[PDB]
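What follows is a set of notes on a single structure, which appears directly below.
Removed: one protein chain of the complex. Kept in place: all other protein chains.
Read from first to last, the chains carry the letters A and B; within each, the first residue is number 1.
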């Protein structure tokens, strides 16, 4: 069904959800640093990577399918689009999420009134370009996520390699992904999450504008990566892991 | 177990200030009015020092944990000398609490090690024994050691001495433990992977923390050397000390 790979054997399970257009291979470089401290669940989201053969679906539905293969309890970490999925799971079944971690994610990707974000028509235009130029629209959207850093070239290639080492996902899965980002808004639903909530950001993130407002989710904690863009775990793997190890400990 | 903690100022951003070994939060008396309009200022007496009486010797880890417990959710943390190791330890342990790390006249590894400049262990050991057998003479030796070499040296040591004479000194055990922290702690590798901004202020003439280019090659941190300051550049050169703090607030937004 859903490509799912389990690695390591700590008593704390960690579910890692990638972002739009990509797959679990994005975690290749931090899985070695984590697998001795967690049982790690590498997931290709439904419609993505080796989980082809799903079309579009609602965020809720994406979260129900990943939930249906998850361990009983686990820390849930979502990167970007994956951050919304991991968020939806915490909303739907809080007893399953010992703690929620989002990486370079926004509860509401599209700019709303007095809420920073992407212009709803920038993203709408990205769905049109996908019709006209499929292959190069995915590559251009991923090129956006490593821009701005003193590492952009090797980081853009890490992402680009990870989409090109597998057959492209369906164009309907991806367009649906873009729609989720365009229309989803979880700011309120997370106001009262009952479990530990850790939000990680990159300062130079061109998609998720740098946090102070979500800080004012008073129970959640946030870390801003000062020299990272939209993929802090690629450009800053060692700073990325350490708050996760600290988080396993705090749970205890 | 509660720590002396005074919040002053009416400023946008939070700034925790941590004094060095043997002193107390009064060392900041004469820069707080220039910072008061830009930061909410958190003036702390480290566990076992000054007004947070009744603590003995502890590890840097326990020390940083006790301070962090009365800390605001998110602040900029500025450490002077040993306070710099405390603030650094906080950065490492609890990055979500630390908007930015600043150290003044402070070293990640105070004692000289191989290929690493610092206080020679035997010189530190001599200071300890001197402190044990000849307390008040060694306090004066210490106060001179922080101000020596600058245009302003006597006036500055007098200012530091005022902060010493007017509060309870730390217990014999707290004193010895803190020297043992400086003797043993090495945070060099630990601070490579810090996620937040890291600003390091130094005095060119500082005789306790030698003149910086090894640490710059922490490539994501920044460093500033005041040509004319020694170990207390916020005493000797208040105006230049605050400027990079305003620049930091600009960077954080």
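The rule is simple: contacts are C-beta pairs under 8 Å (C-beta built on N, C-alpha and C of every residue); 3 or more make two chains touch, one makes a residue touch a chain.
Novice: Touching the absent chain in the whole complex: find that residue among A:196, A:206 or A:237.
Specialist: A:237
Novice: One chain isn't shown here. Among A:73, A:151 or A:220, which residue touches it?
Specialist: A:151
Novice: So that we can see where the missing chain sits, which residues of chain B does it touch?
Specialist: Answer for chain B: residues 115-116, 188-189, 192, 213-214, 217, 219-220 touch the chain left out.
Novice: Would you write out the residues of chain A that touch the absent chain, in ascending order?
Specialist: Interface residues of chain A facing the absent chain: 7-8, 28-29, 31-33, 35-36, 150-151, 153-155, 158, 165, 234-238.
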